[PDB]
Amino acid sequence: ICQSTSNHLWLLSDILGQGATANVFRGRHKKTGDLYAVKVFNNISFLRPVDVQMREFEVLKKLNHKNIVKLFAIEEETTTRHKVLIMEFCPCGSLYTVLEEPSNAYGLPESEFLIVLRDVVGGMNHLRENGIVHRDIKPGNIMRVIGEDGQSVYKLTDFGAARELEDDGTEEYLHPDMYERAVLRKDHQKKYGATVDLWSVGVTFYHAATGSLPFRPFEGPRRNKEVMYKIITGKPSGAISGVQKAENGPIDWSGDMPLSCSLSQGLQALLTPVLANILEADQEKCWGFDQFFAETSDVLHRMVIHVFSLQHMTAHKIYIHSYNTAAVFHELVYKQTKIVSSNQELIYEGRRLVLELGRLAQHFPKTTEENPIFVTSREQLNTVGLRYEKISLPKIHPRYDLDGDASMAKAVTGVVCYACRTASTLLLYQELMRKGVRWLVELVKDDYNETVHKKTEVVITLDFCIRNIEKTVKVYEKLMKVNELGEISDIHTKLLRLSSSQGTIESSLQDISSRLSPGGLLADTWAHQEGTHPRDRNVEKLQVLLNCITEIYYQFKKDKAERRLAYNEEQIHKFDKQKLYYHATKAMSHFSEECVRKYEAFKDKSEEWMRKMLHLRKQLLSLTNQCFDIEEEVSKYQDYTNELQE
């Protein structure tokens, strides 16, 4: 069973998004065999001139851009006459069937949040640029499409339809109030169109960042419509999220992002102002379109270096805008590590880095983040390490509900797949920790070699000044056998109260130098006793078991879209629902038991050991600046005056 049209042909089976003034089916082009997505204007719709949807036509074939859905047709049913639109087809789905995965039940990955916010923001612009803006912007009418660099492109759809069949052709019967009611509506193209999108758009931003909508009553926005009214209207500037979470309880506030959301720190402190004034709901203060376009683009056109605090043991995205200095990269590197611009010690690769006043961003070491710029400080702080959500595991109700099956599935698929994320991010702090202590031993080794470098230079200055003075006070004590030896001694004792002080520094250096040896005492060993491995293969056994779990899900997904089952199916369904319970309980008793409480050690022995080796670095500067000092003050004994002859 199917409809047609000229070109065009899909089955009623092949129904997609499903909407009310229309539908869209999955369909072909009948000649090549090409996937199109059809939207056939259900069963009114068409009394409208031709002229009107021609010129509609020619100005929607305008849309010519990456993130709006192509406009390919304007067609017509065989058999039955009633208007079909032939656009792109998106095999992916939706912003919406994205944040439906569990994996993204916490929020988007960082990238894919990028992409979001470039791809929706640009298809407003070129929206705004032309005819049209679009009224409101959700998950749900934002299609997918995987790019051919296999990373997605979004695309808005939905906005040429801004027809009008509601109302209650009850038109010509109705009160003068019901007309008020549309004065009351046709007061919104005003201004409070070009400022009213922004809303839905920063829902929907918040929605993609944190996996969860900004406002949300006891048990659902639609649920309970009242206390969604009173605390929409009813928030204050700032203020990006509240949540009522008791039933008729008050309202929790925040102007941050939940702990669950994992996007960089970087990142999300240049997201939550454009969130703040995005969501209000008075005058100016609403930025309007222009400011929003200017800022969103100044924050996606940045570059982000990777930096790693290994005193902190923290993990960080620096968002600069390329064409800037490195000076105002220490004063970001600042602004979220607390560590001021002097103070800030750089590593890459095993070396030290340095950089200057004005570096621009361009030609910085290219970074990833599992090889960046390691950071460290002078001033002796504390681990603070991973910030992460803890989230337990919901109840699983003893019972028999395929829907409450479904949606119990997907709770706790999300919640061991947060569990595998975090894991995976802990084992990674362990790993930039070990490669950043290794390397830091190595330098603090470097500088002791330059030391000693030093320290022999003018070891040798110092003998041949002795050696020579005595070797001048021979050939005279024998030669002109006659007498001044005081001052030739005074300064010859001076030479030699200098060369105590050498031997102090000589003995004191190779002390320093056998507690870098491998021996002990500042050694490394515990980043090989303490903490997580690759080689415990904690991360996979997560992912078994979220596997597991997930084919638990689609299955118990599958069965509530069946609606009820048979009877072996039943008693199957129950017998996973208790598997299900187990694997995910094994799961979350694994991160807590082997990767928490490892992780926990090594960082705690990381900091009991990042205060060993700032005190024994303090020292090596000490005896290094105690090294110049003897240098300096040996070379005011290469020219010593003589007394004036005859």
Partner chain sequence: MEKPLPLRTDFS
Second form
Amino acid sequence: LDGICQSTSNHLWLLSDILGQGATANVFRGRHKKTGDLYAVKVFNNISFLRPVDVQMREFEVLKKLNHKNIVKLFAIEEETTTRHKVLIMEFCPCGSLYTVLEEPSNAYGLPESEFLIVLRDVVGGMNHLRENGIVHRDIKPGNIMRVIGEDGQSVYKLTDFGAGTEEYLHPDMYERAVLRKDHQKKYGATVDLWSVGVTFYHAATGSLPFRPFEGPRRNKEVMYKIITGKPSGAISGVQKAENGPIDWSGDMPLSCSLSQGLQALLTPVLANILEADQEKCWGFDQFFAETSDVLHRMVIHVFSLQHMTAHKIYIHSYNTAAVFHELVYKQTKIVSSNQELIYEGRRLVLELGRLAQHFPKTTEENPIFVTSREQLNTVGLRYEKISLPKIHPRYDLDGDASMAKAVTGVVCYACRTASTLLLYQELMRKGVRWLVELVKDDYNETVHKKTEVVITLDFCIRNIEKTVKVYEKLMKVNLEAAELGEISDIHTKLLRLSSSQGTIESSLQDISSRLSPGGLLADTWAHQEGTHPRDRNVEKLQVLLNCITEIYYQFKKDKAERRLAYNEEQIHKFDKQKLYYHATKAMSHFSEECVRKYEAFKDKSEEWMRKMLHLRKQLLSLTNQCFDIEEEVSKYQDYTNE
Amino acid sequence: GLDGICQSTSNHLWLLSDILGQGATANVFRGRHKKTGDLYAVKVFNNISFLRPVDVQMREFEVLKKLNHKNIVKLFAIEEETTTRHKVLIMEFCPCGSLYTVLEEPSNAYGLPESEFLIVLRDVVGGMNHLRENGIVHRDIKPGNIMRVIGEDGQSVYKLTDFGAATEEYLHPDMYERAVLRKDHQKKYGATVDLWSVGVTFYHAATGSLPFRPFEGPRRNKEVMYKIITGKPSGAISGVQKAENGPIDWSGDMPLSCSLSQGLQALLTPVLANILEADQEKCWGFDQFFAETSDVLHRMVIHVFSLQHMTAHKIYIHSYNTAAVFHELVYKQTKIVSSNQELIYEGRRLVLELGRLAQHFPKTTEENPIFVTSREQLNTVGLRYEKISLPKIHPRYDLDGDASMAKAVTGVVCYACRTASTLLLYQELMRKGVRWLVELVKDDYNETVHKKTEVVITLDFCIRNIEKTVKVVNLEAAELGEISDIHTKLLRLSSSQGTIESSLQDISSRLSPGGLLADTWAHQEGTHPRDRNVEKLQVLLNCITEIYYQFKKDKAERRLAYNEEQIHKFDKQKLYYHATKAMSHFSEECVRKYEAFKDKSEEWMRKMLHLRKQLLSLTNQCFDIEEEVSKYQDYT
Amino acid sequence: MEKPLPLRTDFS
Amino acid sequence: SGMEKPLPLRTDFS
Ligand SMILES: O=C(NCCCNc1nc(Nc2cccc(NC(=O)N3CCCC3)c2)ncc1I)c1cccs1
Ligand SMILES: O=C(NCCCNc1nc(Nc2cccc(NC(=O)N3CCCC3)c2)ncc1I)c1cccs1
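Right, the form solved without the partner chain is done, so what does the form solved in complex with the partner chain look like?
Up next: the whole complex, starting with the chain shown before.
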């Protein structure tokens, strides 16, 4: 009620300090009386006293020995002081659960990918420890996945809330409860465990539940069953999308899902074979644990395609060769291995086919391995979902206002992440186009170094046989020096065919030097005009508005909790409702007019510039190979200049 | 069913509990516009009484109400409180509090971060100037009355506030003192007194401490304080009585604990030393102060990192400034001359055109800098930080003491934690630089071998002229004479070129990936991002911070209830446990590995400059051969 | 949408 | 460790 204490001989807690209200028990924040440390206390209701206590504490001992991260620690079983009944002393996770985590508006459309992999890593490692200690757990939900801050800062998710007549005189209606007790037991077949796990993973990935009838999954109790027991093999989500219209299946993550394409490629097949009605084609734990832990042991290399203007996470094993790296890059970019040029920190990147992934250059999302083709490729862009504000109910409703506020915060929150990615795409494009231009400079500079090596061996052979005409026709027979000879006069005209046709190699190579020059025809002048920039501060401008909308939303929650407001406080709440819509719209249209429009203008100026640069690299290649054709042409003619 | 906690005007209301400020003449409450609900700060003069008739300070307020400038907090209206008729000024509410509450955070115990500092400097100077333009200055600018607003773009906007706008033969000898003489020697000091306060504020913002301290705190020792600010040598900006009643330690530089860039310190220390000067002349004037500071603010900043000193650098340069002064500015901090500065940007070498404007330099950030290295030998300096240790935590239960103790401790672990982060940057940058330098030398190698082979197909081709089956059986005029001396040099040129290739290969085997200049120490020694050392520290710093914030609350209560007392006593042990763990982690893991990486880079640098000398000698050797063969190429 | 009346000073 | 004075937390206050 208020200022009420329960205690054991070793802990105490306030009934008001309640963390968790379940049907069988309640959990409280408590302290160890002598040290002051914080523990959670699980105290059981009056209806949890319906199975013997000899086998109830049999369950609890076998749990008190479970020692493992990803499992909340059970420290002791003690007895309350005044009343005498059993309480569990557990590990206190002050950060709450994955449920409170998904309840934030930042995770309104799914967790960020780095955190998802942790939920995945930790939930799978928890189940495995439970399966190994002979414990089934089918109630795995965000509600009872706890979150702890590990001492390195990254989250650690931990599992919890798991356990360890005479027939011939019966009325035929009551005889049906004497045959559906052993026969209606459509026995579970051990693959039931990971249906929850699969729903949880979809929830954490997308911010929404996988199977949803319109009006909610709970208001429409019946259409729910039609969806679960009718989902095609491989389908991942079923949504009504209509007041009462047909249901819409899909085996893909929603567009709103921001996880990398690489990861969805790994993740969808897992969920597809984890959500399955029969035991035969549905996965077993041996296969689930083996297939998932394969995703966990992969490292991530960030590559960015300049031709496409698209980022890519490459999920690859530490022991995989450079060959599989190229394949994985092809699977996302449609650029074949023999067409992949890698650029890293300004210089090209050669992969020796024996090189292992662990020895690759370290990458971050903002320091990626760029990949470009010499062939033509159309720019794709960042594929995101176009989300706009919900309609604002003019009713003064404290429940409805808090819900509308959560939604608006989550939409502006999404626009704010997207706008951030749009700036990275533009900033990475600029970082890459800059280097690509400098690599065509190395390619041009190499061609000139070879040309000025062949132009001087061509010359030392021409004046080497022309100076024998200075002795054959000037000092001896003195006649017209024009009549042709047999053997050498055919290789003399063949050399003049090289020296003169190479003169027009310079006139075209000089043109490509000029268009590749700084103020030239291929300058990256669009890159410094056509986008948004870090100095525009569009992200933090949005953030500033999102902070106001968020501050209102948190308040509208406290208003809902207070259930009904005083007079001045009601007018402020009403005033702040208009303020919230003002800020949201100010943000959403700024997302449209400043972030998106200037990004699209930049995306299109890069498709123009991309065609231009590909053409030039094709010309410079055509000229480079002529220098090797003139290289071998003088190779067979030079040793003939022996005398 | 009772009132007396709600004041109002005809247009605003406020709760006497929502008090934002207290002062001798008035208080300031957070209030609302009755018709619109918008928040304003309302200042209510409950003791307006002074030596100043109300008509003087009322014409003042009408003057301030016209002010409209981004660094003044707007005075919207002058109103009368509904029931007491007290004058109330309603004005713009800055929910972020003041520069005082900012400098009170433990993360600013040792000065503001540079970016924020520049903002305070810009806006304080901006408001100050707008005041002069309207014929007001107060000499009373201090953090207490500089408000902070979050701008549309999320950057702070500081705003000035709380400034005004405008017998005898029958008396004792001790009354004749002050009645006709001593209260008459008020020399109405002006013009230069104003800046002293702004100087102390900027020092305080920049270091997190006050510039003049008599060991007992400026307030508890009233006397020594006056002895400091009146005997301060010209050019000094801080005087501190280090020990109990010791001499005063004068200094004219920032303290090591000051995280401000060496570039900005060089600009700031002058405008402090000339602002904190206690005479009519020798001190600066407004017009010079505004121009001199305006010079710092109109400067852009280019980031450069010295691979050989292992130090980062901010270069405060004008956009119209020429590349030649960029080198000057790098010389001032690096002590390496302009003819010695090789510049590297994004994996490639940078060419300072000697005349290009800084406006057109490549964009840089603290982590994407321009690197600088020379061919000459340089000793690694590393980050200069101050080594700050946890204070002594005394074991008594004292609510005032423990609050003061937790604040100090939180501050030390922020400095530790921030310093730990910079150490990681210097290593991550160092590695990016070494990697890039090694590839540049590979370009200087490939450039040399490209001309070595370019010249051998001239030696072997011009030897095939004067030394083939064409040149040179009894003969006496068949060329065996003065041309045979050139064929001799050309033979010793082709043979000496032999051992050029032998030494040229030897350096390729050290530039190779496995060779004895491979940057293998770089990925073994020192700390890495994957080590998560900063966020490890951060996790402890959050425990410590949460406790300090609760110990503030306890101090406020002055008396803790029974259980709370005991929890507070346990949290004080937790606080000391977290802090000593964070501190020893900073020492034995961040610093210890950083220094190991530092010494491994000094050793690897010696090997690098020794190879670059050699490769150079081989390059010059080829231009020599090109020179000496381009002479004999032209024969007759 | 509306219904936002002005603030008052008799809490009743 | 050095900090002292810590008493056990109580439920009953007479
Ligand atoms: O476990 C349950 N319910 C969910 C959690 C309570 N359980 C535990 N909690 C903690 N520490 C902790 C810290 C901060 C906040 C929270 N609370 C939440 O995050 N909530 C409340 C409901 C969903 C979101 C918990 N330690 C151990 C346990 I066992 C139960 C279901 C049936 C009985 S209990
Ligand atoms: O002006 C004064 N005092 C300066 C401060 C209050 N004044 C103003 N405040 C605001 N908004 C605001 C918001 C949040 C917190 C705070 N307060 C602080 O952070 N404080 C209090 C003093 C040092 C730490 C202020 N708008 C306008 C003014 I005018 C005076 C107090 C008594 C006479 S004058």
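Numbering follows the first chain given and starts at 1. Here, rigid core means the biggest group of C-alpha atoms that superpose within 1.5 Å across both forms.
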Following superposition of the rigid core, which of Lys478, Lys390, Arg387, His528 is the only residue with a C-alpha displacement of 2 Å or more between these two forms?
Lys478
Does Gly147 move appreciably between these two forms, meaning a CA displacement of 2 Å or more on the superposed rigid core?
no
After the core is overlaid between these two forms, has the C-alpha of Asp177 moved by 2 angstroms or more?
yes
